[PDB]
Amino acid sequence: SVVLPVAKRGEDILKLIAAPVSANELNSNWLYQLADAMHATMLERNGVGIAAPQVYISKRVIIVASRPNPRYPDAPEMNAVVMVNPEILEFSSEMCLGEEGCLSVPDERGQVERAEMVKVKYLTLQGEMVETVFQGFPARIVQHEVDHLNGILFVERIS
């Protein structure tokens, strides 16, 4: 496993709309390697999620991996999920606000309003369709990472 360089706020890579992963990439060693490098990078930076644009890869891949760590001492622990081509199909009208940081925003945290619940459809790295309901802090990570795929940093969502 390799720890990749992470783009910081102000770099233009972080402002693009990341391109969807194509059919021939699904279940490829390319794609497995991409996800493994993202995963190592996130762990090394005590992230609870990561998006491919953050590691200069303008593709629609994210990792959602809520776990307590120094950066988030109170996060619930889930098994890390890698999502290819995620699409949020439903946001709840109910809001929750929480403090977010970001691997791409050194030394700034802010309060962000997010949907309490999201329903997300995505593909596994093999290419199989999955739909999952997330609540609370995992939901906020899903929203944060999808924002990265759409060129949005959490600083822009500060109410």
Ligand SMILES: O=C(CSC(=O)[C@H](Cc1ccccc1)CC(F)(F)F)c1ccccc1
Contents of the next structure:
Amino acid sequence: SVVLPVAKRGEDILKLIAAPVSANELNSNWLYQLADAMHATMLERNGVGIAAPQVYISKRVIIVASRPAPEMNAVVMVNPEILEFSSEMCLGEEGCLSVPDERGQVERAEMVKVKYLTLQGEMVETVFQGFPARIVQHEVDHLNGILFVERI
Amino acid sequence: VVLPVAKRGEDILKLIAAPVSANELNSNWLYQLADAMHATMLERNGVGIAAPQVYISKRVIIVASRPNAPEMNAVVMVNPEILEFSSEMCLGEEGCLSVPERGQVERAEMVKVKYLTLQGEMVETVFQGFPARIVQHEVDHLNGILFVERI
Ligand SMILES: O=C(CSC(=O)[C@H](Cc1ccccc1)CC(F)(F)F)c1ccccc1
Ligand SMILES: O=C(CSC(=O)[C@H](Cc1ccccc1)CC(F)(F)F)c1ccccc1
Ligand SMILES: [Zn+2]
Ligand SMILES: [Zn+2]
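Now that we've seen the form solved without the ligand, could you pull up the form deposited with the ligand bound?
Everything in the complex follows now, all chains and molecules, and the chain you saw is the first one.
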């Protein structure tokens, strides 16, 4: 697997709205390869999530992978949409692979309901709670051109 | 896979693309990116393409001259760098997949270019005429410049 270089704060790739994955790209070796390189890069940097823009790819693909932090199976999400944010809020320390040695506290929704496509192109809707929810929110923020430092 | 192409107005096209790292050379990832760029260029009837045009902010281009012009084999260039521009200029009709306006643009008639192959071999070559325009156009994409800004 390839470990990819990661963009840092100050690079404007992080400030765009990433383009949706088109229909022809679903279930393609192009998309599987992209996701595998993201995944490998996330593991090599000890991240618990990653977004394509952070590897210079302005496409709506994220990975949510909470691990020590509670432990989940990693989930790849293509064109994710948060359909509902809870009004209940949780605060917690966040970091970012794109913002080396800078931590802060961000208020996030405690639960989100998210609709996304798998790499094959199947639609799934999943509710996230707690730390996994914060990860989803942070990564969707990356796809929209927002760093966490802007929500401190 | 035919990739969607960004259009003039989208910021992805104005960035300075980031160099491809050593780890990506000779990887299934890179070959797959180049294949997808190549297929996209063909489906849109282009003679070149640069990764930023398919939402990938990386310094990869293809140069693929053919009539409607010399016929060449498609060359994939990683981290290309123009080492020299001739002071001799030449004007030619250009179009762009991202500006779907044509225009008459002045280019260096000759360029000397260094790049990496997909396998990681470092290579140097000179281009003349239309292939040299194509190279200049695509390197401009890597530095956030569209041909309409040169008119
Ligand atoms: O490994 C990190 C480095 S940063 C990280 O994993 C971000 C994900 C994240 C961390 C904490 C809260 C929400 C999201 C990844 C980014 F920036 F690549 F998306 C980590 C930070 C805090 C707690 C546990 C682990
Ligand atoms: O299909 C086009 C439209 S554009 C095109 O192929 C651009 C490449 C180009 C064409 C002509 C001169 C210089 C560059 C592609 C771009 F934008 F991706 F780089 C075409 C134009 C002139 C000659 C042959 C074909
Ligand atoms: Zn981040
Ligand atoms: Zn162009």
